[PDB]
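**Student:** Below, each chain spelled out in residue letters.
There are 2 protein chains.
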Amino acid sequence: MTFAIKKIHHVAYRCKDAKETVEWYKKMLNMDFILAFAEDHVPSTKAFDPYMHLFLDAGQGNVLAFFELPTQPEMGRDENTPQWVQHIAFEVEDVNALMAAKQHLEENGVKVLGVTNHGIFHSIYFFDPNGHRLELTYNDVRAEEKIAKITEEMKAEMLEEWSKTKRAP
Amino acid sequence: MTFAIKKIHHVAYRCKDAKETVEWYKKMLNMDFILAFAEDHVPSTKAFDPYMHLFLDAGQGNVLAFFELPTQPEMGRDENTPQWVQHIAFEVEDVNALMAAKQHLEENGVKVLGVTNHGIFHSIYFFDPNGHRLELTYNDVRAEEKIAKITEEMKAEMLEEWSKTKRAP
Ligand SMILES: [Zn+2]
Ligand SMILES: [Zn+2]
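Line by line, the protein sequences give chains H and U. Residue -3 is where the first sequence starts when you use the working numbering, and the numbers rise one by one after that. Residue -3 is where the second sequence starts when you use the working numbering, and the numbers rise one by one after that.
Simulated from the structure, these hints should not be mistaken for lab results. Careful, some of the hints might be misleading.
Treat identical chains as interchangeable: a pair holds within one or across any two.
[Unchecked claim] In silico DSBU-like links for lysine-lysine, alpha-carbon gap of 35 Å or less:
(1) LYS15 with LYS160
(2) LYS162 with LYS145
(3) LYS145 with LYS23
(4) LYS107 with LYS3
(5) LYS12 with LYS145
(6) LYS151 with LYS23
(7) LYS23 with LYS42
(8) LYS22 with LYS151
(9) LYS151 with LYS162
(10) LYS162 with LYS142
(11) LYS2 with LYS145
(12) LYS145 with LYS160
(13) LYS12 with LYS160
(14) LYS142 with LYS15
(15) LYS15 with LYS3
Excised from the complex, chain H in its bound form:
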């Protein structure tokens, strides 16, 4: 291979209101507003169809990005997929940070589920003001040791068995 992925540059979703979204992510998660692009038409088309594209700081140079499309029909969803599948999780340093976040969100009126033990990490869950599913998580102190038990042979075997049976291997 002549190239390697460095990191996630940005992950983009639709939002209902750019200013309300910027304000919420700053207030609830201290995520700073980096920049915005905006145009009154979609590239290569003439028709009036404005958008605002916003970048938010998600840490270590990662960006959480939104588009507001004020002349498009209201955002919907993939009705064939459960809500818990599509989500974004952000890492916090440790349990003290996760509990701090949980308390802060609750004090600001956000319903928070958790803490949930996923073995290699521990998480809390809440919705953003656009209905996106968010997760905050910290890695278990023994996470790398538990992951390292998965050998390349086990990975191959698990995928093959799953491909054959579509039951948990």
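Position chain U with the ligands relative to chain H; hints supplied.
**Tutor:** For chain U with the ligands alone, coordinates are given in the frame of chain H:
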């Protein structure tokens, strides 16, 4: 604030076939398979409803994650939102890496759009085997200088004007 977001921990989407997805991301983008969770029922429910949750290495500890839900109705989409809105972009080091990636993808039969100049970064676009919109990008050498021209006052003003008019400020 008593906590800070460190980075994106994982971003999750649905995939149609776990093994084909793992194989494609390794072949096309050299993204390694880290681990998988699988169960035959969704937590807290009894009914047969298996899933496989896979983590792929997206660089610097970021994870691109997928779920395969083999007993659910086929994946769909939000029909009220254009395809170009929801997407994920991964960073490459520089133009040589982006052109290497473009050539590699094309040699493996992937249609690639680009290179597109976005001023602060340069990008190529292609679909994954699940219909997700992918982007590879490298940052312009003067990107930080161009972004630094946006003062906190300009950000406030742009959001206020946009909130009022819903036209590009
Ligand atoms: Zn998760
Ligand atoms: Zn993009």
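**Student:** Starting from the hint list further up, note which numbers the structure goes against and sort them upward.
**Tutor:** Structure breaks hint 7 only.
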